[PDB]
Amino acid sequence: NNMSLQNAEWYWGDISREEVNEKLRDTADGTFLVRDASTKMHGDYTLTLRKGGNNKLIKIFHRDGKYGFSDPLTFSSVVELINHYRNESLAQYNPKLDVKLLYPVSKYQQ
């Protein structure tokens, strides 16, 4: 993790919901980025996803080197978790989030 995660184009580190909001403003369903959770109580990270004109916040929890949205946490890295849901609909997690992670908001000017 974290060498992988620090170089992920969609990983923005410590930035606020507010800054997250302007980056997803009027973007298509499936647009997303990952920041650090503002408090570890609420996971180590927050995935923000565009859906129905709305920014969904999905906590990424971490324990014993694994990552996930809920238990069991099966992923060996945040990147592998994201990569899975770029291929697969979030619907397997939540039926109200039937969209994939389609459009990374990139930190390398894109």
Second form
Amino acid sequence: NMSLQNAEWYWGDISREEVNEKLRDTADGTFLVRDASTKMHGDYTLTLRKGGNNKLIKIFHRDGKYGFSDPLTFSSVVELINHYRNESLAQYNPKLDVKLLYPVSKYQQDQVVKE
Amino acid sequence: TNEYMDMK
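Can you give me the structure for the form deposited with its partner chain bound, which would complement the form solved without its partner chain we have just seen?
Let us now look at the entire complex, which starts with that chain.
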């Protein structure tokens, strides 16, 4: 199982403002994970695109476990994300009948052409 | 807009 830091969709310490720009005009199910703005209520923030808006979701790490809410039963952020690529988030919140479909990859680099 | 989701 791969580490969080090498995961294409993990962008570490970028701002909420930078994520806005990355998710501008993207399709539903587009997502990426970054570090939480602050420190005392969740380690990471998953941001996904739904209905032309951005939905921010705290990821908690306690006692060697990860998840969106108690009980935390995932072994890593990678395992949690991978689980919801194929499974809807609806079981947590009615507004999130959507899967994690399209990662914003830090490896996917487009080249502007110079003549 | 950005919206923080209640997951509980």
